[PDB]
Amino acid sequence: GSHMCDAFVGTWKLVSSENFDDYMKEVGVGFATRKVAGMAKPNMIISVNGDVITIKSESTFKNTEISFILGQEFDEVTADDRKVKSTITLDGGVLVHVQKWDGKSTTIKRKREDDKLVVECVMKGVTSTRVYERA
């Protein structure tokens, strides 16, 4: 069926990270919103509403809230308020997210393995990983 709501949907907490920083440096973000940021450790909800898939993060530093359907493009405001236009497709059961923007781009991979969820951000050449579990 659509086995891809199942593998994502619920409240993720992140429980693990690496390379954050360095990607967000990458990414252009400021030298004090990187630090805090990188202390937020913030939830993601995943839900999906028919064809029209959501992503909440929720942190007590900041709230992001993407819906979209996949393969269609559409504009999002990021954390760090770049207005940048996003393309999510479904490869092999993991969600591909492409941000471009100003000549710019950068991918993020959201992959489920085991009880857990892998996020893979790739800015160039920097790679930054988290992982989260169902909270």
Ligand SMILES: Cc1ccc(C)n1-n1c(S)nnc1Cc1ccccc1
The other form holds:
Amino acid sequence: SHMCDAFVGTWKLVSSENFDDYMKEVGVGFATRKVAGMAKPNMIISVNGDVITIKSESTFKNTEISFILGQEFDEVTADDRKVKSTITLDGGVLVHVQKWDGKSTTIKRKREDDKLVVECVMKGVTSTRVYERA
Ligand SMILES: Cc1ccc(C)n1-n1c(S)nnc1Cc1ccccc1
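Could you present the same protein in the form solved in complex with the named molecule, rather than the form deposited without the named molecule shown above?
Every chain and every other molecule in the complex is listed next, the one we just looked at coming first.
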């Protein structure tokens, strides 16, 4: 076992708050915000050795990232930002920091009860996205 075990599985979005506002803060344009905000993604998280894979799948975009904790990688986000990402585990929270164009956003994922809660922060704006097991 590893502590990241509680994240592994197939998850489906059950609620969202403030995601449009988060996307505005990140710089996402109108049409992408509308289509991305309508998406009902499934998140598939798996671990193989030291490599964690997170897939996001929806009618808007299918993405896949694989990474080792603490080891920077380059990522193309669903909204087509080219970012440099680093993901760490901080007291049981997966903390994903994305840097681009002198900007930064942080995505935190944690288990709470039977949920996987995703908190997306860009400056003072937070969106909370709740996933449950599929
Ligand atoms: C905000 C975020 C971070 C990581 C992932 C996978 N997600 N995500 C969630 S949660 N729901 N849709 C997405 C893709 C998404 C990402 C950025 C902008 C628009 C859409």
